[PDB]
Every structure is written in structure tokens, then in C-alpha cells.
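Notes to accompany the following structure.
Here we show just some of the chains, and they stay where they sit in the whole.
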Amino acid sequence: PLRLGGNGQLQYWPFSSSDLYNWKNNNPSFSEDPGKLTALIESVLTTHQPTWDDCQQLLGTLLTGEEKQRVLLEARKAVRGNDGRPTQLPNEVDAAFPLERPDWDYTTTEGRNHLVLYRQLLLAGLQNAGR
Amino acid sequence: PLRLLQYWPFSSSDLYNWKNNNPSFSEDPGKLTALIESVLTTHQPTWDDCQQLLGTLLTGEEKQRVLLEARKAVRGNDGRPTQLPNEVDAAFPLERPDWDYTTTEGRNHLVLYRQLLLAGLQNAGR
Amino acid sequence: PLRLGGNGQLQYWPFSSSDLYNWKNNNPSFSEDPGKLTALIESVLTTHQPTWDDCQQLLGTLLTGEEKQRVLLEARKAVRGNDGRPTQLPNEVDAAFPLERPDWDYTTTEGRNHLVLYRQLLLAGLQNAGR
């Protein structure tokens, strides 16, 4: 998670495991009730302001391996180009929703915006994967 | 949660203890209502915090009623009731507002949001 | 709860839900044996230095609404006039022990003193409803 510390600089702290496992146990799977976990992951995408890595923990914990692969397939299928329009160009798809840890520096506008896009794209991945 | 002015998300232990230690809102709306009401003051929740409070302690049916009721308690600046759609949406949005908790305008928007949500919890346990 | 920080300014933090239910689960109900939960609350009224709102949660969690109602009544019964006598003067009973949230400012002399009196009064109320 990211938040402001008592100096107005963003500050990282990892998820506590308690929260992640609570979230798991107190909800049905993704397949039995996909909009339950989606509602939750979605709220958390804002409240906890998670990084790329934070998202991998969220996803890895709350989803089965192939629940997760669908989610990413779909997040990636939803990428848009500069032009506002869909793109499936491999390099733009990877730049918006990379599968391997990117180098987004969360203290710059570029990294923060990349993160904003990432979560939006993840969310759309969960929504599409569900329906 | 907010406190003096700093943000921190709810602990999930706290949201599930609250669920586990009370009955459903339908069995006993005055229970969860007194809890939420209090948490509205003590944890100074943001719109998203409110979403997790409601989403965790209410079934979808109940949340939707509560929300419907909060929205039909909305009032203009003269104190009189209103359902002009942009008046409602400004006071109790269903989608994420851009309220800034460091200012007057956002702080006020949040105090109003909590009041209405409570209005909505009261009127939906009847 | 209230306390001075790592650099000293009297600050606020909510009760942790764990503390409120641990207190509930390790003692008998108020009725069963009132001395336990009175002895407990007494302590917490000092170590945690609760706000008015903190006290509501405290009583809401540990007491049945019936019991709470008794206690609020006795806390009111115990309010004294400048003359040191019982006073049921409706406004007198409410300056000292408001049933509805007062805007006592904890960062100032009158608030902190209202707080003090509230807790004494509350403790008075707990014992009395035990007697």
C-alpha cells in the first residue's frame, strides 16, 4: 500500500497477511460469486492504493491460478492506445499492463499514472473475466 | 479512517469483528445502526471507507435500500427537501466523488454524506 | 482514546475492536456480576482516557441497552449542584452528563474538565446501577 506520511510524501507499507487472508475467508471464491470479490478488490484498489506488487499479492491470494490468468488475459485485452482506441499491439499492451515487474517509480507522475491505469485495467479485467 | 489530517484504511479485523458480533441489519437494524453511527464519528470514514462499512456489514439488498433512503433524504441549501437529480448526486453520490478531505468544501461534503447515510440507515430500519 | 504522542500533542485514536470484544468475552455480563465490568471500565476510563464518543462505544459494547440505560440514569442521579446536593435541574444534569454528543473540545481546559466529570459521573453510574 501507498499513502501520505506526516510529510506529504507517499510512503510504502506492505499489506498485512491478516487482511489478505481475512478477505479470502470471509468471501466466496471468484467463480461462485465474482462480483463479491470484485467489489472488494475494487474498493481496496482505492483505499490501499496498491502498487504493481501489491496487486500481485492481492490477485495471487484471492484467486486460483487460472481465475487469475483469465483476469490478466482480460485486463490486457482491454488496453487502449494513445488515440483512446483499443490496441492489441504487443508493446503497448505490455506497457499498460505488464506481466513482469515494471520499473514504475511511484514518486513521479509517469509511474503514478501508470499505476492508475494498471488498476483501472485490472478492474476491467475482473469485470470482464466475471461476466 | 481520518484523524488529525491523516488517512488510513480500515483494518479488516475491525470490519469482520463488527459483522461477527452483531446480527444482520434485517434482524435488528438498531444494532448495526448504532455501531455504524458511532464509527461515523470515531473513525471519520471517507466515501470509500463508507463503501466498505456498508459492503461488509450489509447484504446487497439492504445496502441498496439504505442508499436509496439516504438519497431521498437529500436537501438543498435552504433546508428544504429536493430530488433534482444533480442535487442528489452532488450530496450523496453512488459513484466515487472527488472530495478533498484537506479543504472546507470536501470536509463539508463528507459530514453531509455521513448524516444522509445515517438518515438512510434509520429510515431503512422501518 | 486520548494520549500525548512521540513529540507531545494530546491526540486521538479509536478503540480497536479487539479490545472491546476481549473485554466483553473475558468477563461476565454486567448483570451476573457488576463488579467485574465496573472494575474494568474504571481502569479503561483512566488508561485510555476515552472521549464522549469513545464512552458510548464502551457502554454499547459491554452493556445490554437495558443495563446501559440504568447506568446513564444513575450517572444523572449522581450529578451535583454547586451546592453539593442532588440536582435534577434538567439543564444541570445535561451540562455534566449529556445523553447526546456534546461538542466538548478535548484540547482545552473546559473540555478536558467536562471529560473528567463525565467519567467520574459514569463510574458513579456503574457502581450505583450495581447497587
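As written, the chains take the letters A, B and C, and residue 1 is the first residue of each chain.
In this text, contacts are C-beta pairs under 8 Å (C-beta built on N, C-alpha and C of every residue); 3 or more make two chains touch, one makes a residue touch a chain.
Every protein chain here is a copy of the same sequence, 3 of them drawn, and the whole complex in this file adds up to 6 copies.
One rule holds for everything that comes next: only the chains that are shown with their structure count from here on.
Chain A and chain C have CA centres that are 44 Å apart.
With centres defined as mean CA coordinates, chain B is found 26 Å away from chain A.
The distance from the centre of chain B to the centre of chain C, with each centre set as the mean of the Cα atoms, comes to 26 Å.
By the touch criterion stated above, chain B contacts chain C in their complex at residues 1, 3-4, 11, 13-14, 17-18, 21, 34-35, 38-39, 41-43. Listed in rising order, the residues of chain C touching chain B in the complex are 11-18, 21, 51, 53-54, 56-57, 60, 101.
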